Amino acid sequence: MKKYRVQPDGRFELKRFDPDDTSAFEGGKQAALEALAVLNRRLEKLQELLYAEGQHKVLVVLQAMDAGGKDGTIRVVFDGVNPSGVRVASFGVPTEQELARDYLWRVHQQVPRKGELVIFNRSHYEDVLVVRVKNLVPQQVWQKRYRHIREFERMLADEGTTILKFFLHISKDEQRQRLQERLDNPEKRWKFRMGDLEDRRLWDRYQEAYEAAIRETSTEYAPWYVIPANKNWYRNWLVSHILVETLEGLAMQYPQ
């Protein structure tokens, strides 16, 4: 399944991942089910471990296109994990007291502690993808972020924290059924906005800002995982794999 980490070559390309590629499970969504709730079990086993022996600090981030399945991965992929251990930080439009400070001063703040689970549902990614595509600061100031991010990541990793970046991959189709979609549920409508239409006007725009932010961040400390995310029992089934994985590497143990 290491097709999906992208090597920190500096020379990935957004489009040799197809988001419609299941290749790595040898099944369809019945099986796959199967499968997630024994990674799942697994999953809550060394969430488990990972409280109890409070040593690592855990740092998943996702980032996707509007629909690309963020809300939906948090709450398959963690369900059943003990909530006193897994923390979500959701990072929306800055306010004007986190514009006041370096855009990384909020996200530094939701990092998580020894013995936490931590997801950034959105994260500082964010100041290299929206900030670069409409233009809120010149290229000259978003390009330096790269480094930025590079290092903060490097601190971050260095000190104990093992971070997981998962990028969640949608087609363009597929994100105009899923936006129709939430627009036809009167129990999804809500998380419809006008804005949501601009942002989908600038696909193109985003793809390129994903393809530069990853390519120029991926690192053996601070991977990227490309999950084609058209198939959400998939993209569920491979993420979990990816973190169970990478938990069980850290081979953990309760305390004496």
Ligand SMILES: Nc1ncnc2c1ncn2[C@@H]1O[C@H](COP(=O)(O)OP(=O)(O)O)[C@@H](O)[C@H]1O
Given for the second form:
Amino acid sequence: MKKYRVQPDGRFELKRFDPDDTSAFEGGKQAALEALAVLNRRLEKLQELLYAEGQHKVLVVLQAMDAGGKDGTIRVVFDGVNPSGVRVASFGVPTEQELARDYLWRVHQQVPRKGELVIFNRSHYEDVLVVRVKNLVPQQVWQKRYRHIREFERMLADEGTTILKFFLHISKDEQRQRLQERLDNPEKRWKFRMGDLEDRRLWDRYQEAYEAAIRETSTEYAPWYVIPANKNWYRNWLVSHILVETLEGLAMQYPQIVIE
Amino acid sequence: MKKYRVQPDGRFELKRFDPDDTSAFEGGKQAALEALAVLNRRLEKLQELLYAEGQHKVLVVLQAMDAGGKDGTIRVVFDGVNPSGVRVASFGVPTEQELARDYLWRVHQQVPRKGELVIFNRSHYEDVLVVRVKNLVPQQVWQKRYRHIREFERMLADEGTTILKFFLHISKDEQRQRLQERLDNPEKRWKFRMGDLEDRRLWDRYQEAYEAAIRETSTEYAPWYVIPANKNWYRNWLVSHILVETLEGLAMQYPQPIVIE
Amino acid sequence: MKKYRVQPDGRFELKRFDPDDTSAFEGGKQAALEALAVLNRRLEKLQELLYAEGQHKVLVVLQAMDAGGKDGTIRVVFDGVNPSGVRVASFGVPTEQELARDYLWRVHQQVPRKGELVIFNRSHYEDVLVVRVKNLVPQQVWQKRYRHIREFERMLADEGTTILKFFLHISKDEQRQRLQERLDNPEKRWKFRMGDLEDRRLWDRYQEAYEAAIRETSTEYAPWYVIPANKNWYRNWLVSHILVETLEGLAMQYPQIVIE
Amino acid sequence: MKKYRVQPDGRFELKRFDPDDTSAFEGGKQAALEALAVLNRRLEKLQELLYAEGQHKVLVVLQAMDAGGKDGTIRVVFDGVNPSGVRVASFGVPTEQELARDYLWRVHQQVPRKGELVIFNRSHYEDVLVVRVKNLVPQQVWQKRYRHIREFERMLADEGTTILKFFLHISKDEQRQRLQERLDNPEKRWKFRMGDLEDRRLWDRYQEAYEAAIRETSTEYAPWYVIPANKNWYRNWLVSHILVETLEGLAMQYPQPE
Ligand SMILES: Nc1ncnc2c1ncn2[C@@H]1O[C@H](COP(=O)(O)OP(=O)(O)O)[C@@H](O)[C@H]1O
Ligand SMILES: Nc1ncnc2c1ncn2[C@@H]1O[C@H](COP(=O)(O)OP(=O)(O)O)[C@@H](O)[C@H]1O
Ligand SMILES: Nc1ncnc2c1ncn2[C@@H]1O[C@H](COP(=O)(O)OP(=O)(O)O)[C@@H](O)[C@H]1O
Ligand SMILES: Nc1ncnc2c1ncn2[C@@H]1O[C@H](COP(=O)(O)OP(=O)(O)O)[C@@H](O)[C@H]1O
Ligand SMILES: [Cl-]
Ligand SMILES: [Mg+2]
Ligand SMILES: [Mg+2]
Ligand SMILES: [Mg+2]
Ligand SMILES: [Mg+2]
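We have the form solved without adenosine-5'-diphosphate; now please give the form deposited with adenosine-5'-diphosphate bound.
Okay, now the whole complex, with that chain kicking things off.
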């Protein structure tokens, strides 16, 4: 499953990853759901170790094109995981208070504490994504941010954070269908804003911004994983597999008279 | 079912509530687990609505004697509920930073935002519970806090927060059993604190504190519910039933705001 | 003196206070500057004691019509007072993050800690002032906020905060000059916004809103002081006098071997 | 006066700086007080411009041995500077909440916003000073923090923060005198705690930690200035001079009318 980890060699090409690829799983939807159920139970048990051990900090970063599966991933991968140990931090349009400090200030506040698993639904990456695509700052400014990010993540990792960054990779046609389904669904119509169409006109610019971001910031201490995400069953299984394998590697353990 | 809601008449008596009572459910463990499963799936759907609508703020307060079932309630009642819309805020021993401001400062920071459901695992109530029982401040100080709490909760309710306060009611013997079990299971021995034996010695002073707190702060806008909690199946079913009924009462609606090329 | 303290009898009338009144000081500008210098030194010494003792919390609330003297007051009254123990919290246009919680959430965060003196340059009062005048919430909502404020302040006072609320009272004509002077001064033009003309146009609505807010919230534990503020020398002297006397009343004490 | 700026060449030696040196000022205490009053007035005007312009963020870091003059510097250098635009963030013993996140979390929280001047009375540097001296984390951990600090400061500078870091340099004998004076003055005894004496026993370890920290983190974007601080008048004048010169270099402008 190591074929999805982006090596720190600055030679990453997004074209080498197909959103419709399901090659790491030897079967289809039904076999994958059973396999996911097994991983989800292991994940619940690994989160229990993390929380009780209270040493490690786990950071899961989710990034994708609009309708790329960020909410779906959280919902399904973390299903049944103790709410006391799992937290979501969503990053939207910066406020005036947030813009008055460096772009990393609002992000650094939300980092996981010891024994905690945090999911960034969007992140500090938006500052080299939407900011780059829509030229919210000049190139001279945002080009320097790749180093800021590598060094911020190095500090986090050195200080005890396990970082997993998932790029949920969907195709242009898959986004068109998901966006259309969001229009033609009254319980999902709320997720759709008009702005989702302008970001859609900028598809290629966003793909280029993603490629450069992933190429510049995938490191040994903070890897990027490209998740083919056109098939939700595959996306959910693969994210769970990578997460569970990473947590297993930490080799966490539980810590070390008659009541009247 | 809402015979468990404490009326704002200042006549609340904890003796009228039996921790072993299961009278609101016409059956036992197995039927209640099926009933809970149904409520849990309704809760998942009601949370999706709350988040989507993004107007209401939901605050669930959990208070109990040690080993009274606070963690158990969170894990079971909120099982499968989207992590993006549900948050737990735990209140422990105040830090120097927290003590340097009023007791409500650390609590007010954690309140739910619009479209969010927040669980207070312990709360601002500890400032009329452990503080009163262990005399951390004089009576002159903590007696004034019942009003502070009523008025803080009124402000929260008026400004859009739906407040549900659950007192998970267990018996003295049930506590004896639960701490003993926790002090035996090696995967749970980490939960046990030596301080739990001094708090058990003050059982009666904590029961009196709870009675006073519940009597003083159960209001129309922020009710207290006494949950008989010796039977976990009953405690989980009843908390889910009360929560689901409350969210259904909000009559939440999905927002309403072309061919993609 | 106590002639400026608004009694908690719900009979407050702003008309009884003249912005041009200087009756509490037996002299003019020059004698009051010397008197202010004496109070300012006492204030520096009282702040040093407050910080050292580290037990009391002091909250100074400043409210006024636009150009009413809030900045001028901070600058002059707190001149030379140690920056380590004096903090300003300015309340501007609420952000989306701030609006997503109750109006008191952003305000409660900024309250003074033990040994600290905090100045609210605008405050939670804006939630019964601009909010009321411009109908940012319905009357049914903001009318309930007077009680919220009394009860919030009661809690603060009961828990150890000394609360002083100053309404810097200027006349309509004094504001017209000050606003105009702000337009004509290139080192002050930045303070002017087009919205200030809308706020000037609503003078009477704001005066009504101030009268109702002062009448509803001036209590024994959190008094309002109406400061005639057309004369800056008088405004600065009177605010310093009230503050110094209040801090002296606290009877603060300093907390209580050969080096090799 | 560029003799006090630590060049980014990794060759810094604290022994080359005398706490009793006053060579940059051609006079004594009384002429310096007048000179300081002139600089203080310029500083009040530069702060007004910073706040009005609302674009730059100014970070002043103060580090010293105990009784080295951090509070005195804040009090005198920033005397009369508008409280609305100047803020002090003091860094003490980390709480359990603070220790549960990386050491930079509590520090990053306090960084200046646009139009603001912030003074760090102690800072993120403590995490390579007291932490190193008392081995609160192993060497393997704190040795990596010099890079974290350079890169955190680079990010801050690139994103619009002007950083000035002042090491207020006093001698071992000056600290003995000042610590004694603190125990004898009843309005200053509160500043003294017993721990300050074990910190004095560890004088040499702290001097080595300071030398290493300054050598590792003095950069073009975030320089360290060694301030001979045995003479308060000289320390106050020199810090004001460096600060005023730095702010003047920003060539701040009042906002363009609407
Ligand atoms: N740093 C940033 N700068 C500008 N816009 C940002 C930044 N971070 C996030 N955003 C934007 O905030 C929006 C969040 O969208 P939203 O509908 O609330 O959530 P999501 O689409 O992830 O479910 C996106 O349009 C995203 O581009
Ligand atoms: N306001 C407060 N003042 C004093 N102690 C408090 C306060 N709030 C909470 N506590 C105490 O903090 C402790 C939290 O216990 P902990 O083991 O961390 O969690 P829990 O037992 O709820 O699982 C309890 O002993 C509780 O009495
Ligand atoms: N609660 C609030 N709701 C709406 N607007 C607010 C609120 N609090 C403050 N404001 C507004 O924020 C603005 C702050 O103005 P600004 O020019 O930044 O400062 P000031 O005029 O006090 O020097 C004012 O127009 C004020 O009415
Ligand atoms: N990162 C840190 N780790 C450990 N101790 C720290 C840290 N930061 C600051 N401290 C300690 O906190 C204490 C603050 O001392 P205090 O008397 O409150 O202030 P000061 O001496 O600066 O006036 C010092 O002993 C300092 O070493
Ligand atoms: Cl699917
Ligand atoms: Mg969207
Ligand atoms: Mg204005
Ligand atoms: Mg904000
Ligand atoms: Mg000290």
